[PDB]
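In structure tokens, one chain follows: the form deposited in one PDB entry.
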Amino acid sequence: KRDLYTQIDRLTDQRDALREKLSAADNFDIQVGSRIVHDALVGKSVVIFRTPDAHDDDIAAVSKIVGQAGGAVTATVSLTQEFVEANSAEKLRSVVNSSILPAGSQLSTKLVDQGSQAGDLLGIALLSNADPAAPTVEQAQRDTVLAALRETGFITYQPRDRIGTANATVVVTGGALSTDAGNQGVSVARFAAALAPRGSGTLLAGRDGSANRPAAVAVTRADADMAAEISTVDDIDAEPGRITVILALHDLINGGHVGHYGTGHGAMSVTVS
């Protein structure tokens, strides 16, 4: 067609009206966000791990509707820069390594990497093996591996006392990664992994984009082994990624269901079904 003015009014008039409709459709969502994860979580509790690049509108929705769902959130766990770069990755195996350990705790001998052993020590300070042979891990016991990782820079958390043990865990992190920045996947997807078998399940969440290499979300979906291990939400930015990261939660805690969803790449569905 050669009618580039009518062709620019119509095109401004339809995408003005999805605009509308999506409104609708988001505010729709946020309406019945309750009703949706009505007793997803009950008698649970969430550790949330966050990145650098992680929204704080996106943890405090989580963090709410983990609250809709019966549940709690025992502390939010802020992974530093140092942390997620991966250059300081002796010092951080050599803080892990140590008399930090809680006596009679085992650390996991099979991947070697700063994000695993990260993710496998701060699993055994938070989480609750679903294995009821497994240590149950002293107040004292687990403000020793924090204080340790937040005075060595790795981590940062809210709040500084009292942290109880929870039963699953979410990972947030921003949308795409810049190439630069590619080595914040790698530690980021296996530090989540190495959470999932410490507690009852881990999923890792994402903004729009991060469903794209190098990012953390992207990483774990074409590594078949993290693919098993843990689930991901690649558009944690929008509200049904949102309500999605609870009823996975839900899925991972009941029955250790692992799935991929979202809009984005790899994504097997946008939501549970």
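What we label the rigid core is the largest C-alpha set whose atoms superpose within 1.5 Å from one form to the other. Residue numbers count along the first chain shown, from 1. What changes on going to the form deposited in another entry:
Among the residues 96, 84, 194, 122, the single one whose Cα moves by at least 2 Å between the two forms, once the core is superposed, is 96.
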Second form
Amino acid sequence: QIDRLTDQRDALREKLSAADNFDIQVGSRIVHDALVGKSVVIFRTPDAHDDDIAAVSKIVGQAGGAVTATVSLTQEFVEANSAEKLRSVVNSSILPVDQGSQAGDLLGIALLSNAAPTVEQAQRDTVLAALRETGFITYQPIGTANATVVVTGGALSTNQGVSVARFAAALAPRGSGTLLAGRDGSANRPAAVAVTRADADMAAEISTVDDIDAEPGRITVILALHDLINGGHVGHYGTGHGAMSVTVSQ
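Okay, that one was the form deposited in one PDB entry. Can I see the form deposited in another entry too?
Below you will find a single chain and nothing else.
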């Protein structure tokens, strides 16, 4: 059994490298004009992978778009042991109840352009500085964006999934499209992609990709984000539970 499983695995690893090579090489052709003139802000959870975010950022650029910022959500933010703390330092009511919704509404007004009063640079910088000072976020490097991708890791062991799904759902009405993307395993509870797909309201509001660890998933983030911005069309993609198909049907 061990011999057959290792020979099968070794041959599959070789075959997958050729498949990944093809998809990386033709990626720019697949995403051509998908995000022309559009800006995207990326949010990442603590379990998100650098390589997944770098591949998504690169494909946004190949699609004619631009990334305004990468904002990291800290362990303190996702662990929801500070809803009262968040409101005490900065809340969405100061700009022109659960932690996820409140932070999504606040960061959405601050970083996304409503499809509403324009948020000036100083108000945005004050909001970002307050959240960083209190341990909620870190960020690189900030202008306003049209759309957003919230990137997570894969499976969660054990309400971190809920707070991130509610965070993404609260960002959605503040811009032209929100996509929640996770790695393989994110389509299983209690991860955020699974929470989103199991709730009729959230699944009709934001798109999801469950396999951002693979090249088809990284490309699909851009294609599905294009469908959100241009067509107002939501979709759930990948290889896990609740995925309607590996990628956009059109």
